[PDB]
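Next comes just one chain, in structure tokens: the form solved without its partner chain.
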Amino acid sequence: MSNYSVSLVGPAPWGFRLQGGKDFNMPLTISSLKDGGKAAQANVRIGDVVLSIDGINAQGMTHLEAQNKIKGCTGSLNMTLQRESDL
């Protein structure tokens, strides 16, 4: 599959929402994007799957764990994602 990395320059908001996680038995997925927000401008796309957040495998995190990891990011948000938006 096709992966990509983003390094969003703070401060937050980062301009996205997530769905999924361990507790939903589905991957962590970008579910929403603010138009002109930092994630959108970084070419993050709805449907893409979050693989890691600041180096850490996110693929087993609960939804709240992933959100907390993302909110703990000061300065820059680094994530690696898997493209799942090419239909």
Given for the second form:
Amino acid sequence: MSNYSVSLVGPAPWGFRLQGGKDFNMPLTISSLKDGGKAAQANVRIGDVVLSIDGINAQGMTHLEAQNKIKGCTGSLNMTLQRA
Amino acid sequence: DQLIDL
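Moving from the form solved without its partner chain to the form deposited with its partner chain bound:
Expanding to the full complex; the earlier chain stays at the top.
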């Protein structure tokens, strides 16, 4: 439950998948990592919960809202996460 | 719904 921040250097793909969001009744969670991708290089781990994306609290977001914030991110991808 | 790589 300890928190950390990442600022991944672009361009995407960022190297991960999500599950969850409000429309799935679970918090947004890192659900897969591409081997050697940028998220893995920043030691993001499967199961870590995404608390914010670009400073916006992730709690209210749907799955698609989080995906699009990530996909359409200009420059670096800033997120805060909670360790599983 | 589907597996979407980001």
